[PDB]
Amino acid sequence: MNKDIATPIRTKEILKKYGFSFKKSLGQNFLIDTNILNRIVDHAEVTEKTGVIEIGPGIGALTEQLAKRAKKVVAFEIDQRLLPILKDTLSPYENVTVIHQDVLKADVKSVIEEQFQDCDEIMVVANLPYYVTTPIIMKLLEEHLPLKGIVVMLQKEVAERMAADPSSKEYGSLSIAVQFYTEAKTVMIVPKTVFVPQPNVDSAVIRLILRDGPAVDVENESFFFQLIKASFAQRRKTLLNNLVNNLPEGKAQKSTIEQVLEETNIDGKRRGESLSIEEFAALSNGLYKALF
């Protein structure tokens, strides 16, 4: 409780024992609020059922809280300087494995196979480094990993885009990408005062529950995502305009794109940002057949 890593004094004591200096280049902002940490663990429903992938353990503030509930925790940490610290701070916990490696170069599926054979369910729970929040989430989702869900702390503005409702000004290609694979919900907003050092931007905790199969039925995922990106490329322009200018087929096959919009009952004159994920799926299947 009060003796845990994540108290302001305890955190400082550790950092001082090792003379640790933060690297803003690695998004190092450590949690020093045990109620926040416990809250995150609650939102991830971590029990003895659960094997947990943690990204960016730091000096172990969240790791410790996860370790008390989970069957097993594996934590990827990029900073070699933290490794001896974690060995010390997490010495009371025998269910923790730290792997020294940038999560973006890891083969997470192999790690899951090797480490979590005895777990009923796998969660990702993490206070993410803000400089690569979106790459990390995209990697985890793109690779169809056998996860129940992902609960992470990240920039507020990023959570808001991930979880965006279609009426939200934050609705975008990122909303669609996340919501294709998951049900997304921003569950907490956290002040800057619960970290050391305090971050420059606001923070939030988002909860992503992996869907049993994709949200919509599309012929071709690759094509679907490129279409999404082309459609949102300029906020104020028509969907047609965006497609002509952003699909490489756009300026070669414009008439075919106009025919498909007509055939799928989607007014080109609407903005791309008006389209729901279902309309995007319909448009994508129609275009994929025509385009190819």
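Numbering follows the first chain given and starts at 1. Note that the rigid core is defined as the largest set of C-alphas that superpose within 1.5 Å between two forms. First, how it differs from the form deposited in another entry.
No residue in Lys192, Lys169, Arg81, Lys185 other than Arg81 shows a CA shift of 2 angstroms or more between the two forms after fitting the rigid core.
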The other form holds:
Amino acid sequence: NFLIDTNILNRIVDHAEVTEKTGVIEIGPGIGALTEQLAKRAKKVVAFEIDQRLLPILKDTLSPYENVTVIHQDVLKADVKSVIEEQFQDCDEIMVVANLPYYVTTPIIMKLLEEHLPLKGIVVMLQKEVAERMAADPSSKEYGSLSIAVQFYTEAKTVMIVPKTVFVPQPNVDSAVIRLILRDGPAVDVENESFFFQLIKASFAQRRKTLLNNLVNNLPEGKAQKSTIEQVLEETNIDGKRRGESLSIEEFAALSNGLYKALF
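Having seen the form deposited in one PDB entry, the form deposited in another entry:
Nothing else is written out below except the one chain.
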């Protein structure tokens, strides 16, 4: 859970480029070690607290800063659009910067991107394992369907490695800080976004088998339209004999679109 070191905290705020004119969404302030540091540099901070135990200390930590607003709501259940337009009226740019709990990590990140919010960016402390998959390029063992999904909406890059000793309960696993810069629009153009993500799952279902095999076993049209699939692979210049892990998002986008027309 709790981020002890003051130096690390400030490097986080540096990588989130927080200035006199930034609005900041924090998630999970604890005793407010990071929150205090954001209050010092942001125009306005909005922290989402759920935990009831630490709240009077957070209130003591946050007592001498007028520019912070604690919200007693799960960020997974909140309308971030409402909170945004309400609190960040004086703020030009918005950033999410948080130390996120280890279990809700991927879900929180994925709710926020799917909400299509006016965020400049998200900077977050999470598990090193999880951060390496998110910013994976296809030369990496960690490159999979989660790489594809966050790279759709944003530009992903790990910025920091942090040791276990920086936290109060020293965790099992090492941690890292990742920077996600929201793109202008989608990284690729697809007719059907939903079918595109089904495809990414199916292509990555078994890392040791061919693209062709994986599609035939994991698309619901695989067996019934195998010939049709083989056709679309050829027409899009994707050797079906390669692994899904060697394919780039440009190629998946091209293959999704192809298959959508031929299969439906």
